[PDB]
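Next up is one chain by itself, shown in structure tokens, the form deposited without the partner chain.
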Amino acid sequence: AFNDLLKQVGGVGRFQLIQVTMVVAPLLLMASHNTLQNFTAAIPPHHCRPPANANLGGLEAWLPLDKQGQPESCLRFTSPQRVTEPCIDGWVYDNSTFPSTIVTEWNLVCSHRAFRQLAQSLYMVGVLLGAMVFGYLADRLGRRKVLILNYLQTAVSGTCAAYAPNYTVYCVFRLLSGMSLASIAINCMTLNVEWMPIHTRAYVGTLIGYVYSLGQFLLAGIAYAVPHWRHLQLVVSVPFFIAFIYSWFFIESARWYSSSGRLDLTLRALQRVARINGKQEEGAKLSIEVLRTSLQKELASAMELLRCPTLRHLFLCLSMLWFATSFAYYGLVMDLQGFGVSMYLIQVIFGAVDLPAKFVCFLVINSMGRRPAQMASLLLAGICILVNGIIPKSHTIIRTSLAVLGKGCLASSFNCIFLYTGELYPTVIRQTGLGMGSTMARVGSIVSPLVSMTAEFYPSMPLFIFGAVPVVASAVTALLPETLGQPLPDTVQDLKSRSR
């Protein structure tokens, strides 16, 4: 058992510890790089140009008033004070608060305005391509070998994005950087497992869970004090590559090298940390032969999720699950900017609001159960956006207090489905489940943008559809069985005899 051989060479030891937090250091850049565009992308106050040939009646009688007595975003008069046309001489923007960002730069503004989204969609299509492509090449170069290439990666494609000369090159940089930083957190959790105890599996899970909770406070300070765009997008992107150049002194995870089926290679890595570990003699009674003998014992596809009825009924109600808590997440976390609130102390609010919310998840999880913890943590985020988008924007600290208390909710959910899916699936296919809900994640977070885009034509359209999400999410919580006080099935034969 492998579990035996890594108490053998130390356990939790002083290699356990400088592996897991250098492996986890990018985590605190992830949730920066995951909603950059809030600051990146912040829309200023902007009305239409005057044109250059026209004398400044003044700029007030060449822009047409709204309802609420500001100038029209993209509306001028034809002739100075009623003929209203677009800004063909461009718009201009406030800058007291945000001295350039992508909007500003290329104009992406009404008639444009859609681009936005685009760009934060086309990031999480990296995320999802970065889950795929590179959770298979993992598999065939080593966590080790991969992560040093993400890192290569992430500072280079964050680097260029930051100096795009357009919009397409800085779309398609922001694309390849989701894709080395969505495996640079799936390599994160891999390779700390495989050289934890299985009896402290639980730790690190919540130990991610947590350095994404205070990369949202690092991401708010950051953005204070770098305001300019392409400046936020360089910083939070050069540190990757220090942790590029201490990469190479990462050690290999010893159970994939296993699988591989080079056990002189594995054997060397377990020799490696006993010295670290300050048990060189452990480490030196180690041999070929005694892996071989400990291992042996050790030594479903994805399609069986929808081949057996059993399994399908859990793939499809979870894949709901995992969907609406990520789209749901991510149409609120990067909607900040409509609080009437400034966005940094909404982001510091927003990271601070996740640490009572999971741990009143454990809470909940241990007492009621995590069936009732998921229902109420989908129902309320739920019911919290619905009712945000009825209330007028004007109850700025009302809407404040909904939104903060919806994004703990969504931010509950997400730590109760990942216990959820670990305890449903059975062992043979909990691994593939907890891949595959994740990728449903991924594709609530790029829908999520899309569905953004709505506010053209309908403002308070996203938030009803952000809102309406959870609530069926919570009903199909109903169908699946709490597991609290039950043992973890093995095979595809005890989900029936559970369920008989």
The other form holds:
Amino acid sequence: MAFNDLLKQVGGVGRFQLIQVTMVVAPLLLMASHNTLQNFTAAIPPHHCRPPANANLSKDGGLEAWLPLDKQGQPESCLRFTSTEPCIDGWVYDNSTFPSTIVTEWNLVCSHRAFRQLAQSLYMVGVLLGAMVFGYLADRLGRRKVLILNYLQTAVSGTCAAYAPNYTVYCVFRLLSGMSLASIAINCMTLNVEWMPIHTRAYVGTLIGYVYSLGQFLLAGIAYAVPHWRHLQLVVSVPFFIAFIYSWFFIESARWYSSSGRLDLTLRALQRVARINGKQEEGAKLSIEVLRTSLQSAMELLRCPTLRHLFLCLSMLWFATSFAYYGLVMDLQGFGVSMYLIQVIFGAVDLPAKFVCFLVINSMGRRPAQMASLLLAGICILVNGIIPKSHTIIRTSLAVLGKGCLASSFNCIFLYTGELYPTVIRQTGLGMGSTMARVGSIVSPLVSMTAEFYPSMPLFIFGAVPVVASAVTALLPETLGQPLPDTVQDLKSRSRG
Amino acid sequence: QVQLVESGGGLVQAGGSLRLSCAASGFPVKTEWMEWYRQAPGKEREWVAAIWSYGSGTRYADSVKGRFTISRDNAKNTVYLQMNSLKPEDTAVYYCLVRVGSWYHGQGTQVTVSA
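Now the other one: the form solved in complex with the partner chain, given that the block above is the form deposited without the partner chain.
First the chain shown before, then all remaining chains and molecules of the complex.
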């Protein structure tokens, strides 16, 4: 007695749905790669002041005479002797490990040390904006035109950021990339959910998680293959161009067409789907009259007191989770092991952690699992930041445990926030939680900016925020009974019980 | 300002013992980088001794480890660089540095090993 009856009537296990959901989720690999790319495209190689050409190195017999040394045994990274004067003839970098990065082209080093993190924060600002406004633009325009526009915008922005004359062009194009990437990330999942029936709901989500992890693998693969940043960004962004090229083959979700007030387009889409699925005979009985007889908010979020407290606590949870996850993910230059190996190890640990938390929530509970993920993650980040830089293998194991914990916390918080809010405002709650996570990813590089006051203080903050979040997460009750609250009044009545 | 008048130079036999001092004023000797550099005649600047504030860390160079040691005196506000087991190639002028970012290169003391 709804569109679902037609969906089973049209299909559900056909070739079209499966091919469309393996063909629209393929670019999520590059979604994850683009999200994390600042690790490989903006790595900081060792550097020092360049001695002026006035002095002759032939009679110097070495470069120690024009370069002070730090406690680590390397030349100073920001300063130069007078015969002391700051780098005024630029810097000198090495090509042993990183042939080129942004901090090599535009010398984003001491007295400009904060600008790489500022570019990352601007990219996350783009993410937040391209979620917040493009959700409304998609609700007003569609879910296929928006997707093709996102593909084109992300490909163009990626290429144009790969060829950036200066730093400001890079920051602006990173903002546009964040716009498009957030829009595609939040639109592909909803299009897949709308088109596919109820049976494979959250099965699509498991597929999305698997694709994200495979993209984490693929980023390290490309980074090993292509180390040059101007080529790495191009290689990671080019397939989005062919994505925009072939994404005209998508079929708009019939649910949105029905919600737009017209059913002729819904009927046409359903007949086309039946045609490709091969069962045209069953879909032939469909008609306009058949469709008609079957297809039949932050204001209140911030007004109601119990809703206010629920939203505040869930907001803090999303904030802390995304904050810590990105602070840990985008800081692996100083982890001893090579970047590619630690990247593939992070991608590897992504899966067993998700399996473990799913088993625990289906066996023990959801709130205890989220607590044990967040607190363990914060403890791991703290003990990672307090351990001296000399240790490498233990630090890397600690970091991979932390990322496993963050992924488990991400899954737990998404499931709990999905099954916690009342059905009246559940979608708005999920959207605002995602917005909170995106502004957390906004603020995390801003916190990492403060490495100048203390080298290990960014890790201190990244680990301290989740601990206080888990400490203040007290009003949220267990949801193992599966009540599925409907209205605010029902939420209040079950709150006491 | 900060003055780093240094004395202790002279003629010492090879392998002899000497305690040169680098007097400081206007700031405690446990706050900044009392480094040391030397110019051998015809050679370039070389790093020999270095300390950091509060004296919990101290690093030397390849030709300096295990043979020479650096000392401090907070009460006298002076840093001392004792010299033992000298070699004929150690003749130089030792420069006292207030900080890694200090333009106050010391006037230097001439140390001779002779025979």
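Numbering follows the first chain given and starts at 1. If you superpose the two forms and keep the largest set of C-alpha atoms that fall within 1.5 Å, you have the rigid core.
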Quick one: once the rigid core is lined up, does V20 have its C-alpha move by 2 Å or more between the two forms? no
